[PDB]
Amino acid sequence: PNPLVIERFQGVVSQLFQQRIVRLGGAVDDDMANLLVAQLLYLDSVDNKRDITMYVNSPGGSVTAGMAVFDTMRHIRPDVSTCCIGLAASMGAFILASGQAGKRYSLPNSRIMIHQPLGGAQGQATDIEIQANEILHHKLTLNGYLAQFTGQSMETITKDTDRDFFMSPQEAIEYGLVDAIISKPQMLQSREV
Amino acid sequence: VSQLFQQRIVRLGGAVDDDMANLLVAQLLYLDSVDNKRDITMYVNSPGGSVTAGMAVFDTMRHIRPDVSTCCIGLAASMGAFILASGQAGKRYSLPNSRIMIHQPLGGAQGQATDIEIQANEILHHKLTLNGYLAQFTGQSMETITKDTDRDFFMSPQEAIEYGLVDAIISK
Amino acid sequence: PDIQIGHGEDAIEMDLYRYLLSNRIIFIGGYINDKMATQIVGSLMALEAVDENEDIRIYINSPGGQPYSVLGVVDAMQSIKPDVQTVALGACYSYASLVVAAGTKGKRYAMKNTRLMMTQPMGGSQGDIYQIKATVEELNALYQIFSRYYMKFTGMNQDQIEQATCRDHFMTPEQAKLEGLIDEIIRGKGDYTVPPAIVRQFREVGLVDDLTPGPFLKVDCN
Amino acid sequence: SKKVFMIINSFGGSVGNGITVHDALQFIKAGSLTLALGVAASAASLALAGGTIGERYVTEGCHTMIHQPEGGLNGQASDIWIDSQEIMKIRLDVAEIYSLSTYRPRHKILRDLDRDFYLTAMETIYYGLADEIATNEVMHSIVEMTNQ
Amino acid sequence: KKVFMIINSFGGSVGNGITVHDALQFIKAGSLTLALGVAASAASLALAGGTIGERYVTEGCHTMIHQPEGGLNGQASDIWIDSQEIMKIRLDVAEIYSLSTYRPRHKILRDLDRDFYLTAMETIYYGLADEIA
Amino acid sequence: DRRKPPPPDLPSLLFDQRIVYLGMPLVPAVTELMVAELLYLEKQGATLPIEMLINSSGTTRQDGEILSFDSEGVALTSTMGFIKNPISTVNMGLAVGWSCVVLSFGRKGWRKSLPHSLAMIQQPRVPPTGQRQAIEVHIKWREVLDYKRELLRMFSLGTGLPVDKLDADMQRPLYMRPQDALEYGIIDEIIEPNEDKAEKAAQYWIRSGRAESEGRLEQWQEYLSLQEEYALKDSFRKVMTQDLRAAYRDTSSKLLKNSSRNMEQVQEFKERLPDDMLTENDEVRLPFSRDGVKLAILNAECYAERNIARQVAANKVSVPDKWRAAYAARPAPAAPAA
Amino acid sequence: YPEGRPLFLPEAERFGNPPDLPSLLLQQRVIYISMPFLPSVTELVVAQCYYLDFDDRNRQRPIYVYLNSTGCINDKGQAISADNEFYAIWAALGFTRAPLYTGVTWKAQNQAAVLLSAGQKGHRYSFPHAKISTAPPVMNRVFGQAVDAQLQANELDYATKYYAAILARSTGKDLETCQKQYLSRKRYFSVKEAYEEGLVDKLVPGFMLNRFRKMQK
Amino acid sequence: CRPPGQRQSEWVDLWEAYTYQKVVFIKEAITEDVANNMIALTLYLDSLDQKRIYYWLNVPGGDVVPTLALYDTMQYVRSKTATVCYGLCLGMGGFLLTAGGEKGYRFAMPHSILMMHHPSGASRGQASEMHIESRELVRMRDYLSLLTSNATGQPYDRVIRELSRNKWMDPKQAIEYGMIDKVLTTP
Amino acid sequence: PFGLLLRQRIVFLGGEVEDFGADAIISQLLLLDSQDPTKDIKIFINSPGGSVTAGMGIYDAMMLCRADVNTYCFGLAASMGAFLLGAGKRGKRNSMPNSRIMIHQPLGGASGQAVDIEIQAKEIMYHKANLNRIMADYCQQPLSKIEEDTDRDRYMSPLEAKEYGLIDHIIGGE
Amino acid sequence: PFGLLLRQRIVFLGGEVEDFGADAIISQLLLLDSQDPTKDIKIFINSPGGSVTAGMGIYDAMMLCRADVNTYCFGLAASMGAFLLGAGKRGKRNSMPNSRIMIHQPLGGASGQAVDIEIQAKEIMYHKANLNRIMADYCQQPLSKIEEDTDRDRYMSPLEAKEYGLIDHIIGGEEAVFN
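Heads up: the protein sequence lines correspond to chains A, B, C, D, E, F, G, H, I and J, in order.
Okay, so the first sequence: first residue is 60 according to the UniProt record's numbering, each after it adds one.
Okay, so the second sequence: first residue is 72 according to the UniProt record's numbering, each after it adds one.
Okay, so the third sequence: first residue is 62 according to the UniProt record's numbering, each after it adds one.
Okay, so the fourth sequence: first residue is 346 according to the UniProt record's numbering, each after it adds one.
Okay, so the fifth sequence: first residue is 347 according to the UniProt record's numbering, each after it adds one.
Okay, so the sixth sequence: first residue is 43 according to the UniProt record's numbering, each after it adds one.
Okay, so the seventh sequence: first residue is 173 according to the UniProt record's numbering, each after it adds one.
Okay, so the eighth sequence: first residue is 73 according to the UniProt record's numbering, each after it adds one.
Okay, so the ninth sequence: first residue is 66 according to the UniProt record's numbering, each after it adds one.
Okay, so the tenth sequence: first residue is 66 according to the UniProt record's numbering, each after it adds one.
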């Protein structure tokens with residue numbers, strides 16, 4: 060992108076971080092997850108009590124880097140309240156699910172997509188078994204965690220995440236992925252009737 | 072480079088081009104503006120370069136006021152070698168393990184019989200000018216230098232001492 | 062959308078990773094190539110020069126490394142004065158895996174959901190018969206060095222390493238703690254979920270069956 | 346010619362093709378004399394073991410390498426799992442075919458398909474994939490059969 | 347003695363469909379047109395070009411109907427001219443469909459607007475085909 | 043006989059005997075050739091049969107790279123419906139996707155396969171649209187849906203199975219060996235290998251003395267020993283599981299609850315008595331494991347090296363140092379520690 | 173239907189010359205190996221051998237094998253194919269009956285040099301400026317554990333001992349000697365050096381230079 | 073459109089079979105290659121005898137020099153020339169449609185699409201090189217416009233003004249404009 | 066340059082709406098919300114559009130703010146500049162006199178097996194219905210009319226947009 | 066962190082050694098010499114090779130330094146890092162217990178008219194002789210043995226090298242030296 064866009068965004072990122080607001084944007088590769096682990100550790104060191112607000116806006120990401128971020132969220136002292144804006148999809152949705160219970164939010168017009176890990180197995184038959192066990196372990200672990208977060212059952216989750224499962228935040232609340240919707244009052248338009 | 076630059080060190084590194092020559096010329100002119108007496112030293116490590124850029128660097132070296140001592144580090148090859156041979160007399164140094172190469176100009180041409188013949192005789196002009204300057208710098212005659220530049224002439228630093236390109240070695 | 066850093070916001074406002082390194086934390090991400098090994102050894106020695114007695118903490122989230130760079134990093138870890146304390150995150154894939162085992166015994170940690178891995182040194186033969194013999198000797202020397210380091214850190218037999226490295230061996234923190242690669246698992250706020258491999262190990266000793274799988278993940282579909 | 350002579354020298358090919366040629370060679374009524382020149386890789390080893398038992402010839406300088414099916418596959422976790430199970434079933438099919446062609450147990454065949462497995466002429470005949478060294482008189486007679 | 351045209355074409359430029367339709371009508375002994383699987387626009391024109399009474403479609407076949415496509419590039423007036431011809435092409439295709447389906451040409455233009463899919467029975471009813479195999 | 047020369051090559055040689063060989067991914071050229079050959083073979087006579095050999099990977103490479111479309115198969119299958127003389131379709135090697143429908147679409151009772159051939163069925167996929175509008179995405183989905191339904195209808199005519207079952211099974215790759223295809227409905231027969239060949243092979247292995255001594259006996263013994271050892275180990279695992287459940291029942295016979303009365307209440311009036319429902323709610327009974335077998339003798343093994351336990355009694359008040367906020371957990375008459 | 177028997181030169185001289193060049197050379201019992209030992213060359217040479225030993229009445233008419241190939245190794249020294257293509261060719265050329273005369277046009281290298289030596293004693297020809305060279309066998313890059321590379325080393329050592337056996341039989345030397353001289357390092361032979369070591373035996377028959385002819389005129 | 077159609081006694085390719093009847097199907101945009109093939113075919117067909125050569129065009133465009141070479145070859149041969157338009161004739165194809173048989177022997181199929189535009193071209197170099205190329209291209213525009221005007225009967229100045237942009241015509245507009253002479257129908 | 070205007074509470078929504086760009090705009094909006102609750106935020110729009118998810122994310126950050134969110138058009142506002150332009154505070158949507166405002170149904174794609182196609186089509190139909198409802202809510206037109214207009218790319222000048230309801234002021238008047 | 070180490074007279078030579086990389090290191094060594102002439106420098110070598118020209122540039126810089134220049138290899142030192150590691154002051158060359166040390170000739174090539182081919186063969190042969198001559202001097206082994214060894218493609222453990230004369234100390238006391 061444009062360097063001036065990058066510089067403006069890095070400035071506003073520093074301001075938000077000052078206000079204890081980390082953010083997870085874009086595909087969650089290893090680099091972003093190392094960065095976000097570093098930010099979470101810093102915010103733990105600065106203050107051990109105040110909440111951290113984690114901005115999730117992601118279209119996907121690596122299972123392994125997502126779990127790096129997820130363990131650091133569940134290990135540090137301050138409660139990481141995850142808030143979804145725009146799109147929490149397939150690993151930002153897992154991250155949004157794993158925010159502090161009762162403190163996961165979503166703006167009204169967002170989309171949550173939870174599904175199972177993609178991937179690929181290559182090589183001789185035995186290498187393909189080993190790699191299929193890696194992918195199936197990741198799938199089972201993530202479904203077990205979604206069952207823990209949402210209050211659903213492992214089988215309902217496994218049935219729901221077989222293919223892409225897009226959800227509005229209302230359906231997410233009614234599911235268990237998100238706990239509240241953030242919105243301000245509007246003016247209810249009077250109709251002539 | 073700045074860390075070297077404040078030490079009056081100008082690096083002619085890597086094969087020369089017009090951008091590298093522009094950077095060298097700007098450095099040399101600024102450094103002459105700063106101090107016209109205190110010396111400039113210049114590390115040479117280059118496998119060649121365009122003849123025109125080397126000529127630009129050589130003229131900028133010549134007419135500025137500080138002596139541009141040239142110290143060869145690593146290698147100096149047929150256009151960085153000419154630049155190395157053009158440092159101030161008595162101040163063309165070599166490292167003990169560096170190698171020095173001299174060889175004729177190069178370059179292509181395309182166009183009509185007239186245009187590519189013109190490119191041919193400008194290449195002859197480059198060859199004549201370089202041989203004349205090398206004769207000025209070493210002390211050998213046009214014939215020995217033309218024979219040397221005719222075919223790839225790899226040399227050791229010591230030979231270059233008795234063949235005139237370098238003034239001394241830094242074993243010190 | 063490369064990356065966007067905080068600053069920590071002191072009177073200087075320097076880069077976040079510079080701040081963390083100043084507070085004695087080294088992050089290892091991506092392949093441990095020669096530049097990464099050089100940076101990690103330089104960081105270890107700078108932290109040693111600042112204070113030779115206070116703990117260094119290393120976070121390892123890396124998908125492997127060049128074997129020689131990893132051996133250099135492990136040698137630097139074992140040759141410095143302070144306690145080195147290695148926390149595994151995300152993944153540590155076989156060469157990085159040794160980097161986790163090389164922390165000060167008692168201070169090797171892994172996050173609850175990391176994926177360690179152990180593999181034979183993989184290389185590759187090509188060319189004349191003497192180049193192929195050279196490759197065989199290189200890969201045998203690497204196998205001996207990494208096998209000896211795994212023996213040194215985990216206490217396993219060379220036979221046990223032979224079984225644990227004959228093929229890509231993906232391990233949870235629980236196998237790693239049973240084997241000796243790590244010392245403590247960093248859990249959540251009381252998170253003790255049993256991973257699928259440990260459930261299978263339950264099934265292999267008869268603790269759970271198909272009739273009574275217990276409150277563990279269903280691995281009846283394997 | 347009440348025999349179908351099938352001359353083998355091929356460095357690989359998908360194992361399914363080796364299975365197809367093995368089944369076809371075991372299906373036709375007419376006999377089969379399969380000769381290996383130089384090499385017979387996975388599918389070619391299946392085609393070599395597929396001939397009439399007792400007429401599977403291999404030269405002195407031939408090599409026979411048998412390896413387990415290797416595949417590649419991308420997609421969701423369930424798709425990787427299903428393709429994985431299928432590739433294991435193919436490995437078992439190949440092990441059973443070698444077991445029945447050579448009379449070795451499926452477990453020693455499966456142990457050998459663990460890694461790429463090279464066999465010389467004596468090693469191949471001992472193992473059971475071929476039955477006789479191919480001396481010049483063998484296809485002296487083979488050419489004479491095609492001519493007579 | 348009658349050209350028997352088997353049609354199974356997932357696509358093609360519509361102008362080529364017009365050209366094949368003209369070639370079909372050129373010969374005087376009737377043409378039978380049997381569609382299999384799919385008959386998209388450039389082949390839907392060909393299917394509608396057979397002899398009325400002797401155009402057949404198969405139970406599985408689906409018919410595509412759509413307006414022509416085009417890319418343009420040049421000055422503003424070049425773009426205007428090129429737009430005018432693509433409109434002429436679309437009007438001609440609607441006219442051909444009107445001749446074969448005996449349906450309001452404006453209605454056929456409305457149906458061309460976006461990609462239009464017809465099952466075998468809807469192909470029969472629309473008028474592009476006459477019978478089912 | 044001179045007047046008709048020998049056929050120039052192999053495809054002419056086969057097609058001369060009414061053998062339509064479908065062996066290539068079902069591309070438009072292959073589909074056109076198949077249609078031309080089937081129409082020509084009906085022309086030469088609509089009572090003579092056609093032997094179609096299917097070693098094909100459908101409309102997409104096995105890699106998953108889409109290479110034709112979902113309508114080339116519709117053309118070929120509707121063609122096979124159009125030609126009226128009997129078609130026997132033999133599966134060779136691979137019959138994926140539409141090439142499986144074609145295998146199941148031959149004359150019933152004549153569909154066959156080689157003993158190891160694989161018949162896979164999955165759901166059609168399409169190449170990426172390329173960021174079209176919303177209505178064009180809806181219209182593309184309706185296109186893809188109609189063609190998937192066509193595939194389902196033709197596969198229902200082939201196998202015999204409902205549309206809904208086939209749709210459910212198709213959602214993921216479904217791999218079928220000839221036993222499985224014969225079960226499902228794809229094929230009717232399996233082309234067994236020649237019997238005389240197999241008999242001669244067994245006789246040669248016996249008579250030549252190769253089957254006995256080439257190293258075979260030692261490792262066949264090793265195979266049987268490994269099988270017996272692993273069967274016994276699995277039996278010991280089952281024994282361990284059953285003893286764990288027996289321990290749970292030993293330590294669960296000390297209970298005082300009224301929830302069993304509720305489980306009596308919820309159940310129907312007919313099952314007021316314990317009366318199971320012939321379903322996967324199936325209670326396997328361990329306690330009636332009085333096998334009493336006097337034949338299965340314990341081998342010469344010594345378990346007398348196991349120590350002598352303290353012989354603890356559970357009728358104590360001492361409790362393990364745990365935490366529970368419930369105070370309904372009264373001490374039981376047999377468990378004063380509860 | 174009828175079995176169409178390929179009729180050979182004694183009785184096929186009445187059917188004229190063949191249309192193109194490769195058919196001409198096949199009829200002359202010349203197998204011209206002009207291209208590196210790829211699977212295509214192996215297939216073609218095996219079929220030519222099968223046709224030549226098919227219906228020769230006397231099968232004493234020798235088979236000529238002219239070489240213009242660097243064998244199974246590319247020009248830059250990295251294997252372009254495997255050693256099994258050579259075995260298949262060599263094995264095939266052995267299942268015939270006729271004496272196997274070999275010659276070199278320009279280059280017989282690394283495998284074609286062995287196949288050159290492997291002709292009849294007294295009947296190996298070369299052009300007087302042919303370049304012959306013997307190099308150790310080369311494998312192509314494969315990935316794995318130390319065990320895979322060890323397996324490749326074993327295979328390459330079988331190949332090296334095979335070539336050393338053929339060169340020992342051809343050049344009449346000690347087996348390990350032939351391994352040391354030829355296969356140990358990539359060594360070049362002029363025609364005279366190759367003749368000195370038994371690689372070749374003669375120039376092509378009738379080779380007479382131009383100014384030599386002039387001065388005998 | 074591959075299958076060889078049977079001829080007097082054997083199987084001959086469809087387009088060769090057509091040229092055996094003097095019919096020359098031009099179906100590709102005129103590049104150096106197709107133009108050379110059609111010039112060669114025209115010369116040989118005139119060599120066999122002199123009866124007439126029908127050109128069936130489906131040309132969607134083409135380059136200027138090869139098209140003018142084909143035109144000059146058509147005019148050089150003794151045998152007359154008629155041009156029919158199956159499909160469409162665009163640009164230099166619409167110029168070839170006005171290249172054969174001025175006396176009422178240009179036909180078109182009912183839905184054929186006709187287009188004429190001033191010939192394109194592109195070339196750079198020195199300043200004087202651009203002068204020479206620009207002068208030559210203006211000479212080319214003028215020559216092709218003279219040919220178009222004398223083919224259709226429209227004023228030269230009218231043609232210059234009309235063809236500066238693209239010009240598209242239905243067969244009725246082409247008859248009314250003089251571009252063609254008759255429209256083929258079922259007869 | 067731009068930062069100096071951000072100091073005056075002005076957000077440039079320029080260039081194609083993208084994931085990175087929308088993330089930057091949302092962060093700027095949240096920060097300008099935190100800095101002062103009751104000072105107007107001005108969003109300048111010159112963009113041919115972008116992803117629907119990014120556009121609704123920016124729309125949510127716009128609606129969440131406690132500050133009136135003026136919108137301005139400079140040149141083009143196409144398919145997501147237009148939706149976000151009308152999504153400004155009513156009575157406070159301005160446009161430059163010679164600027165083009167295109168209304169456009171959302172773009173989406175689909176690839177993979179028939180179930181992937183069905184899921185993507187269902188998602189895009191949801192987005193289309195949602196956007197139609199929002200646009201008809203702030204344009205005060207029937208949902209049917211919005212469906213007809215968004216059917217194809219409709220370009221309006223600020224007069225056609227002002228009568229159609231997307232904007233509220235034209236900065237040069239007439 | 067490298068700034069503090071450069072203050073401590075520690076120079077890192079890591080990764081592939083190249084022309085620009087050499088110029089940077091040469092400058093660092095000259096700075097450390099001109100600042101302080103009595104305090105030793107430490108150069109750490111983890112490098113898989115390099116260019117002969119750049120390598121000899123760094124070697125000349127190392128041999129100019131008045132302040133004794135120790136070297137400490139970690140991980141790899143392949144055929145040009147190993148030479149520089151052998152060019153530290155005698156008695157002050159160190160290695161990790163499990164570093165891998167390689168000694169080997171350079172590659173090369175030439176093209177076109179074979180005049181330049183013979184000149185390139187002569188220059189590659191010069192590099193061979195030059196490197197081997199100084200290697201023999203510091204390894205304290207016969208030049209014939211060094212010439213033979215620099216041919217053979219092989220790694221060695223720091224124990225083998227310490228025997229061979231290249232390095233002089235192993236950091237770890239040969240307690241973690243694994244084969």
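For the record, the hints were derived by calculation from the structure and aren't laboratory data.
Errors might be hidden in some of the hints.
Within a straight-line C-alpha distance of at most 27 Å, the following computed DSSO-like cross-link-like pairs (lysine-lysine) qualify [claimed, not checked]:
#, chain 1, residue 1, chain 2, residue 2
1, C, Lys173, F, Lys364
2, F, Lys182, F, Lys150
3, B, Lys218, B, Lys162
4, I, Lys154, I, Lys107
5, E, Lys434, H, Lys94
6, D, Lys453, F, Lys207
7, D, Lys374, F, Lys275
8, D, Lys434, F, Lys207
From the derived model, a few chain J residues whose C-beta atoms are all more than 12 Å from chain C [as the list claims (entries may be wrong)]:
#, residue
9, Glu81
10, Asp101
11, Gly174
All C-beta atoms, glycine included, are put in the ideal place defined by N, C-alpha and C.
Structure-based check of all given hints:
{"no.": "1", "hint": "C/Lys173 / F/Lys364", "result": "holds, 25 Å"}
{"no.": "2", "hint": "F/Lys182 / F/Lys150", "result": "violated, 35 Å"}
{"no.": "3", "hint": "B/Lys218 / B/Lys162", "result": "holds, 26 Å"}
{"no.": "4", "hint": "I/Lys154 / I/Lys107", "result": "holds, 10 Å"}
{"no.": "5", "hint": "E/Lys434 / H/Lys94", "result": "violated, 34 Å"}
{"no.": "6", "hint": "D/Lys453 / F/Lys207", "result": "violated, 41 Å"}
{"no.": "7", "hint": "D/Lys374 / F/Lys275", "result": "violated, 45 Å"}
{"no.": "8", "hint": "D/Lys434 / F/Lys207", "result": "holds, 24 Å"}
{"no.": "9", "hint": "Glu81", "result": "violated, 7 Å"}
{"no.": "10", "hint": "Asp101", "result": "holds, 17 Å"}
{"no.": "11", "hint": "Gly174", "result": "holds, 17 Å"}
In terms of the numbered hints stated before, the structure departs from hints 2, 5, 6, 7, 9, listed from lowest to highest.
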